[PDB]
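The structure under discussion is supplied below as structure tokens; questions concerning it will follow.
Other chains of the complex are left out, but the ones given are in their true place.
By letter and in written order, the chains are A and B; residue numbering begins at 1 in each of them.
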Amino acid sequence: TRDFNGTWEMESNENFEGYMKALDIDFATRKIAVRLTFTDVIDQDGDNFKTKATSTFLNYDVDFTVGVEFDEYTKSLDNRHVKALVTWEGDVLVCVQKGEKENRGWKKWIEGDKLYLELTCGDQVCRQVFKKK
Amino acid sequence: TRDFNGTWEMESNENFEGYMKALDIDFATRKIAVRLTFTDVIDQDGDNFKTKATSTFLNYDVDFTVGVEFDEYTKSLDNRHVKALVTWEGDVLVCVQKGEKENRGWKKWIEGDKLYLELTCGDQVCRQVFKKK
């Protein structure tokens, strides 16, 4: 068909870096641009096209069942493969991500009406606190 | 007027990078900051101001008519001028971007509820697929 009207949300993006290299894009811009997805709005009249590309910093999705191991590729992080397992420890949700990196995983728990999140890798621990919106 | 109250959506931003360079902001940060737009919410009571600046990625717009060449400045890319032509090859939308870089352009086509996009420049090809939203 020749009908390009619609709102189009990117689902895959292959060799974006090489293309950018051909245009003489600097390292920093390339290293950010590779972490984006795009939604593109095409408004087409006959042979008149108006198009708008929208850019966004690419979400981190992850689905799991507690105690069910699952493969995880950490796109938009460090692009690694890990074998993740989430367990209950009391009321703490604990995830170990087995792979190249040592001590890798995270912890989630509720205290009060705040969500606590510990991100761990190696000897580094990142602490995050969330309030319900 | 002395009333700045409102929600203010950026319309243009010139020499943002030169201003940032004068402040000694590192190259990486500036290359990001130039791809943002800003909405500034101003709450002004008398001489008391509270302001909040919001950041978003710019966007990339482009209008054309099939078979009507048009000069194109590729902002937020490699910032070049090209004489672009979007033409039909069957039901594939074909774009040639004449300029310093050559074999530069793209091919777009619909199959099912997917839009396919090949970006080519030099010997590099980038493949992107979009789902209709």
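Just so we're on the same page, contacts are C-beta pairs under 8 Å (C-beta built on N, C-alpha and C of every residue); 3 or more make two chains touch, one makes a residue touch a chain.
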Quiz item: Total subunits of the complete complex, with 2 given?
Solution: 3
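Just so we're on the same page, only the chains that are shown with their structure count from here on.
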Self-check item: Footprint of chain B on chain A - complex, ascending
Solution: 1-4, 6-16, 18-19, 21-26, 28-29, 32, 36, 38-40, 47-57
Quiz prompt | chain B - residues contacting chain A, complex | solution = 27-28, 31-32, 35, 57-67, 77-78, 86, 88, 91, 93, 101, 108, 110, 114-115, 119-133
